[PDB]
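One chain comes next, on its own, written as structure tokens: the form deposited in one PDB entry.
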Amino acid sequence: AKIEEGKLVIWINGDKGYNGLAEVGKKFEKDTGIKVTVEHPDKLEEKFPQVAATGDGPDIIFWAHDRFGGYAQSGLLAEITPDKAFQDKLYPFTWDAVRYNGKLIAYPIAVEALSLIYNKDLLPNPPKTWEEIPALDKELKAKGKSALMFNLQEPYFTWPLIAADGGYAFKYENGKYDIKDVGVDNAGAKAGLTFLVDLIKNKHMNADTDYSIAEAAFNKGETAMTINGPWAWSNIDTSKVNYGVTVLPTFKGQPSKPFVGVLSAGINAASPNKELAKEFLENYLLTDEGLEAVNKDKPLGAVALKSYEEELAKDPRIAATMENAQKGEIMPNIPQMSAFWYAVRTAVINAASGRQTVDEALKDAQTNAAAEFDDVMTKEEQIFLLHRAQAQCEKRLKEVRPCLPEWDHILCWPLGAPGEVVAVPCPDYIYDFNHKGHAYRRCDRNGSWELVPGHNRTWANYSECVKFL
């Protein structure tokens, strides 16, 4: 399908309820005469930014919210205009996930998180810890089964383990995700990835396992557990496997932390059907009946629409989804997310296949991601940002016992209490600084900034700020 005025083309991932969505499309056509074509191309999230400029995109694209900041920076999304009454129908935190630089850039549909799914006939009590899986697999192999199979090809599925003991994508500091502060190669990420690679080393899992392989093995009853989202429940229902959905195992006593996605619908900037797309999304899809149709095809998870979520919340499988979601973290939607995922994808694949050691693979991923992020800001921009901060300090200085404000060439010091150590967060406007650190001065009992013995120098300690250099 190609875009045409007076009809709608919608893209959604092949794991989602595209047939349920087409039923919503059918009702839209019945009512309005506007034909709706739903497609599920492979790699649609990469394809969209490639083909939009040629006029080969959809009118509406569905994906988890994490990709949308990138699309918005590239000018590929139309602005959406839900009035206040409409916005009030959805949970505020679902709107937050689709807010980029203060604008709503897509409609939220549903909250997704991975859970542990287990076969109750093979395993009545699911393991509480990752650590106990190796012995569980040993026991099951003897009966011609395996403990656990999940998609190892996509970092989304391995992340919850990587994050458990301390891995993170970007640090949130000073009211934003700090792209200088990337947590892909710290001790926590390395611990989690090592545990995974050890499972492979010890033949508890196979490095080649992908989504379809894992799904079939669980649904055929060949493996005791899988890790998957709410969309997978339908096929399990069909297979008649006796299954439960539960909290992911802990690692080193800590919860697994899945990255939480809000499935969202954005409108192509190049669509001549923006008003029809709005009508479809607000008045047909985002209704009790619209979401039920999609949900009955493949479960959406916790829907963004409050009225319908209030029903679905009583489902124990949704209760488990929300439990894992709260233990996890909502994904950033910043443009840097695709580069983050690429780096982790490569790191996991390389570690799992033995191409690299765990430490090499994550160091490389961290290095390559950071190389890209650290190239954004020019010297000229960085000078401009410091100059702005200087002009602010000079304002504060003009408006002036405690120590007094002064400019030290990088930061404006505040008042300091007599005889005290003064700590100032490492300034946000210095791109390369560590922003979870503080710079330090000492204030005299006499209300003068402490000097360096045998110098006219003022003492300051910026060692925490320079952590990354």
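The term rigid core refers to the most C-alpha atoms you can superpose between the two forms while keeping them within 1.5 Å. Numbering follows the first chain given and starts at 1. What changes on going to the form deposited in another entry:
- For the listed set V9, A22, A460, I12, the sole C-alpha moving 2 Å or more between these two forms on a rigid core superposition is that of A460.
- Relative to the superposed core, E39 shifts its CA atom by less than 2 Å between these two forms.
- The two forms, fitted on the rigid core, differ between these two forms by less than 2 Å at the CA of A142.
- After superposing the rigid core, the Cα of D56 is displaced by less than 2 Å between these two forms.
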The other form holds:
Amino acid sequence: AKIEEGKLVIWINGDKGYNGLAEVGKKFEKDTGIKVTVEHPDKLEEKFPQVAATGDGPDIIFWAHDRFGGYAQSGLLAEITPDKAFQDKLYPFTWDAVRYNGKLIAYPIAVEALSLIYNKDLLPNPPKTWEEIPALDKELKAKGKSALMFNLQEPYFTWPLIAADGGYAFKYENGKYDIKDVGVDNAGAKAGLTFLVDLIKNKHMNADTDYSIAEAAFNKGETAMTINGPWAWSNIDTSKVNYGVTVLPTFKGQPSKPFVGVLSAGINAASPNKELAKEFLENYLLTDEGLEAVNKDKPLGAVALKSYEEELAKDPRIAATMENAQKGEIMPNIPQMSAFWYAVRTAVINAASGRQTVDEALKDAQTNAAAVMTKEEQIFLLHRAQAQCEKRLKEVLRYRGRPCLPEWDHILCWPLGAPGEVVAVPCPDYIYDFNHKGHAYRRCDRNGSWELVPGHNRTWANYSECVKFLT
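Same protein, the form deposited in another entry this time rather than the form deposited in one PDB entry?
Excluded here are partners and other molecules; the one chain stands alone.
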């Protein structure tokens, strides 16, 4: 189905409760005469920006919140206008997840985090550490079984291990994310990916394992453990495997750190049905009955709606989900997230198959997750700081009573210097490549002259703190 005035088309991932969502859509049609169609196209999160402009998107797209800053940036999402009374019904932190440049750009639905799912009959006591898995697998392989299978094709599933002992996406520097500070190739990220790679090398896992292979393997009792989200529980219910949902194993003593997603629903900017979409989301879906219809099909996790979450919180599987979430981090929603995920996807696939070493693979991912101010731009910014410096010199211009004079040195404007003192200036904001927490230094001599380099006519200046992160 394609967009038409007076109908709704909804896209949601094929792993979620699309049948349940379809039932909410039919209730809406029964009440209003408005047809609601639910589809689950493959790679819908990649398809959406490619086809919205051409007229082939849906009215409403469901995805975790991390993709939505990119869509908003690209002008593909309508700002949503829920009143304060409606906002009060959902948890504050869920609204935060769907805020982009101070505007709400999606309705939050549910909070998702990966957990360790294990087969109680094969594994009464699941491992508390990643390190004990190899010996557990050797033991299980002897009984014609394996310890663990999970999706290796999507970095979302391997991220909790990469992040456990120090990998991170973007550094959160109070207020906001620093896109120049990526934590994909530090020591902890290498340690975590190396462990994954060694499991494969030692034949405790197969580099080609994907979602459906891991799910079939667990749901047929072939493997003792899997790693998956709440949506996976109803297929395990159908399978009648005796399963539990628990905290992810630790790596090097540190909790596994899942990236936590808020399943959200955005409205297509190209839709002529924005009001109908709002009405369906607020009055049909985001109700106890609406969410229960979906949850009954495939579990949502911990829902944004407080009234229904209060009932779901009682489920020990939801408790485990929340414990794992609490140990993880809510994903950024910034436009850069898709570049990050593509880079980490490539790294893990490449390292797992031996195409690259862990070192080669993560170095490249760092380069790509962080890959713009031009030189021409930078030159203008310097010219601006220079003019600002000259305007400053206009107005400005016994023992240790004569200061060094302010000057421009082609990078920084130096202020008045007290004679005999070191003068510190913050590494300037307008230099993109600088370390902005650092200082540059000059020395003002006792006579009020800036200190010169011995054997030369140049002024002594130390910019080593500024260029700290340029190797």
